[PDB]
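Quick setup: one chain, the form deposited without Norharmane, written in C-alpha cells, and binding and motion questions come after.
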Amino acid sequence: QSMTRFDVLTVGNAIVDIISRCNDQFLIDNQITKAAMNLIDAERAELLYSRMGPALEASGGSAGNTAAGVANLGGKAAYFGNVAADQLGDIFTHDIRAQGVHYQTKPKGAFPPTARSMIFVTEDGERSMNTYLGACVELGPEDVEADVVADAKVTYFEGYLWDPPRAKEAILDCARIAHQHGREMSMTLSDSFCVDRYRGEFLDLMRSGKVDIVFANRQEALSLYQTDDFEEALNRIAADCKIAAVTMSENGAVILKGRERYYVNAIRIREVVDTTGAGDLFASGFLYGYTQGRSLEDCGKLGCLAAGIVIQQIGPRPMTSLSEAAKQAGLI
C-alpha cells in the first residue's frame, strides 16, 4: 500500500500522574527508591497519597507520552493501553485523543480503577515514581487492534509491560503482525530495576528479532549486562539488536547500528525543572525522525531536542509545539 495509516503505534501502561515536590528526606522516610519506578499496591497508594503534599494531575504512561510526542511533532500516532471507566480514565482518554493520537482501547469496568503514579520531584529535578497499576493489569491480546499494528511503520512498547500479567501476550501478538506486514518493532528498557526483573526476557526479545530497535539509558544498558563498563554495554547492545539508541542524560546520546556509532549532543538547559518524560520524548523524537526517513544522527538530534524541551517544564508531555521547535532547529 505504501500509504500507511500510522507512523508509530505505542503500547504501554495507561497512567495518570499525580505530581508533587518533596525534600530528599521525604524519599528516605518513605523508603522510595530515588529516580526509579516503584510498584505499589492499593493500600500503599492510599498511604503515600495521604503523606503527599498538594499535587497536580497530568496524563502519563511512558508509551502514552511517546505517542503524544510523535503526534505533537506532526507524525501519525496510535496507542494501546487500558484504563477504567472512571474519571481518571476519562482524563487519560481525553488527553491522548486531544493530541491527535488514535486511542480506542475499551475500559472493561470500574475496578480495578485507572492506574496512577505518584511522582515526587526533588530539588535537583529528579523524579521518583510510585505506581499503582490498577486497570493496566487487564491489558491483553484482546486489546490488540490487528489492523492498526499492520498499518503502523513502527510498533513501540515498554519494558514496563512485563510487570502486569497478560500484556506480554499482546506484545508477542503485535510482533507477529508487525513483522508479517514488513513493519518494525521497538522497545524501551524503561527502568533499570525493570531490567533487573526481566533481563533474560528482554535479551531474548532482542536476540530472537522480535524487537528491532531498542531504547536504553546508561543505567539500563549497564543493568542489561550487569556491568559497570559502559563501553562493554554499548558493544554488547549493538550485537544484540539491529539499532540501539542509548541516552546519556546531559552527555547526549549514541545511536548504534552494527558497527556504526552516531553521537548526538544534549541541548544546553536553562534549569532542569522535572526530568519526568525525558526518555519518553527522546523516543518520540527518534521515532518521528525514523518514520520520516531521516538519518540515524538526525533521529538522535530530534530525540535530544524533544527530551530537552520536556525537562524544562512540569509534567511528562510537552505543553508547547515540538514541530515549531524542530523547524527552528533546522530539523524540520
Second form
Number of protein chains: 2
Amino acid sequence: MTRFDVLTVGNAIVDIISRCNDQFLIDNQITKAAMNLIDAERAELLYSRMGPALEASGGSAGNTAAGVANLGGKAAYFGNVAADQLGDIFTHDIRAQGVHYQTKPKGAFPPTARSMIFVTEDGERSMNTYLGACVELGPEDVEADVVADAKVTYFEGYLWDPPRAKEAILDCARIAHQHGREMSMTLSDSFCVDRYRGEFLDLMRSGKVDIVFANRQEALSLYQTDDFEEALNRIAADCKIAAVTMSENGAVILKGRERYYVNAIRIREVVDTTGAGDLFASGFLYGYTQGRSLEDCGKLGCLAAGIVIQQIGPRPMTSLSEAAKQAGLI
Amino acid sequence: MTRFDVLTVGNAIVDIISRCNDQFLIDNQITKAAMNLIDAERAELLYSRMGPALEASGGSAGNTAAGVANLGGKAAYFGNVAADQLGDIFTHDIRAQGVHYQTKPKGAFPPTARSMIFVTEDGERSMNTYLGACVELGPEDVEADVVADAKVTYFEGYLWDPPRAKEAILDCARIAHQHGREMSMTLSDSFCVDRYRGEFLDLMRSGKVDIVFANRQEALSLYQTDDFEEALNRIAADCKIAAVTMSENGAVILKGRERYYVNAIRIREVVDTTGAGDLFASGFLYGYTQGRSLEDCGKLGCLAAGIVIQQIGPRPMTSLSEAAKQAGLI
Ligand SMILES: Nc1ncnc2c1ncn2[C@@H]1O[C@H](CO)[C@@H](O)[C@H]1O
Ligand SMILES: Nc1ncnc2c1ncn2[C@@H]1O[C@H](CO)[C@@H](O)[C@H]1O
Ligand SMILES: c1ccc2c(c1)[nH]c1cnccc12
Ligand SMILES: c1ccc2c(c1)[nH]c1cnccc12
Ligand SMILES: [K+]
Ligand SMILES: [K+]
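For comparison with the form deposited without Norharmane, please write out the form deposited with Norharmane bound.
Expanding to the full complex; the earlier chain stays at the top.
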C-alpha cells in the first residue's frame, strides 16, 4: 500500500470567470478556445474590459488532483503560488478537497497566477493567463517522498512555458520510474503543443511519459496533420497508453494495436467547458490506479468531464464518487 | 435630469461561498440564516473547516447598486475596501457593472472585508463576516456631489456595526434632504435590528429615513412581537413608505393607510437565497426612481429577487432589464 494514487504537477492558478459574446474575443484578439499567455500589462488591460466576474481555484493539474480526491482516490499536488490572498484561496481550495499540497510560496512577488476565462454562449472557454509566481516552480519543489509513493505522476504540457518547471518534471520522471511508478502528461493546448512539439515527442519516445492525454486538436497539432486517423496511429506508436478525447464524440483509449472507444454522456446543456479535459484525466487516472479496465477508466473520465461542463467553474461542486456509484462504475 | 437614480452605502465585502449540511452549522455554532460577525481568529478557524469555495463580490448595498445598474438605472456606491487583491476584485466587479465607485482605500490593513457564506440544502445562506477595512468608512468618504445628485440614497442597517459609518450616513441624510432627495434603509438582519432597535426607530421617526426595507423576521424583531399584523401597522406609522418582504409569500408595500400586496414569481428551485433582499431593493428602487407605481415597484423587486435566488452568488449574472421587458414590467 502506497501513499498516493495520483500526484499531479502544474501551474497553480486562480480563475477569474466571466461570460462574453463572440465579438468580445474578436475585438480583443483573444484566440477562442485556447490558453493565451499574457503579461502583467495585458492582464490589467483585459481585466479593465471584463464584466463582473466569479473567482475559483483553477490550474489544469490542480483541477485534476481535486477531481481524483473527489472520486475518493488519494491525491497530491505540486504547484507554486505567492504569499498573497489569491495564493491563500488556492491553498485552501485544493487542501479542502483533501489533496496533499505542501509547496511553499517564495514571497509575495511575483503574485499568484490568474487566468481570465471568457465563456461564450456556446459554453466554450478562452483563457488569458498571467503566470506570475508559476515561473518560480523548480526542482526545489519536488517532494521526492511523494513522487516515490505515488502510483502515477501526472503533469501539464503547460509546464513547458515557465523556465524551470521542466527540470522538476525530469526529476519526477527519474524518481517515479526508479520506484516502479508511472508518469503521465496532458498535451494541454494545441498552441502549447506547437511551441513544444519536439520536446513532447521526445518525452513520449524516451519513455519519460507512459500515459498521454490529448484532445483531437492537440493530437492534430502534435503531428501537424488534418488526418485524425493518422494522429491516432502515430500517438499509439509514440506512447504506451494514449487517452484521446473528442468532445461530444466521446473518447478513444489506445494501447499498442488495441483501441477502446467510449461514448460521451448526454448533456442537459453545456454551461462552461472549463475543466472538461482536466476532469477526464481525474476519472481516467482514478480508474487506472484502482486497477480498472481501460474502457472503465475512459468511462470514469467521460462521467467526470460531463459533470464539470454542466456547471460554472473548473472543479465539480457535487460528489463525483456519488455520481460514479449511481452509474455502477463505483 | 440628475446624475444618479440610486446611491447605496454599505459594507464593502467579498463573499466566499460553499455548500454545507445543517450539521456543519450546529457543530460550528453558526446562527442559521443570519449575519454572524466574526473576528480575524474565528475567520481563520471557519475557513480551515470550510470546503472548496468560490468567491464573488458581495456587500448588501453593493449588490443593490449592481442590481439597479443591471436593470438600466444609474447607480453609485460608497464603501471601503483595502488596497489588496480582494479589494481590487470588489472594485472591478462593481465598476464593471456600471456603478460609480470612487471610495479610496486607506491602506492594506485591515484587509478587505470577507464573508464566509454557507449554503445549506434548502438554499438558505448563513454568513460569517469579518469586517476588516469596513471599520474605516466615515464622513471622509461622503462624496457630497453624489448624494446631492442622487434621487435616492439607500443604506444598510449593517452600517451600525462599524464605528464611524453612521456619521457618514447622518451627513448623507442631511445633504440628501437639503437637495430634496429621499433617504432609504434596509433593516438588514433580525439580530442587527436587535442590536440597534432604538437607533433604527429613531432614524425613521425623525424622518432621516423615508423608505424602509424589511423582511418578516426583521419587522417582528423591530417591534419584538410575534404578531405580523401589528408589525405592519407599526412600521407604516413609523416611516413614509415601507416595503416588507415575506419570502415565498411575496411582499407588501405600505404607505400611510395604503397597502399593496405583490406575489412571488414562480421559480425552478431555490439554489441560494444570498442577495434576495438586496435585489428586491434593486428592483423596487429602480421602479421608484422611474416614477412607477408602488405596486409596480414591488413587482420589479420580486422579479429581481426571484432571479437572484436561482443562481449561486449575490449579483445576477443575467440581464435583469431583459427579464423585466420579458415579464411585461418593461
Ligand atoms: N498556462 C496554464 N497552465 C496551467 N493551467 C492553466 C493555464 N492557463 C489556464 N489554465 C487552467 O485551465 C483550467 C481549465 O483546463 C482552468 O481552470 C485554468 O485555471
Ligand atoms: N455585515 C455585513 N454588512 C453588509 N453586507 C453583508 C454583511 N455580511 C454579509 N453581507 C453581505 O450580504 C449579502 C447578501 O445579502 C452578501 O453578498 C454578503 O456579502
Ligand atoms: C497552433 C495550433 C494548431 C496548430 C499549430 C499551432 N500549427 C499547426 C500545424 N498543423 C496543424 C495544426 C497546427
Ligand atoms: C434577534 C432576532 C430576533 C429577535 C431578537 C434578536 N429579539 C427578539 C425579541 N422578540 C422577537 C424577536 C426577536
Ligand atoms: K465548468
Ligand atoms: K444567489
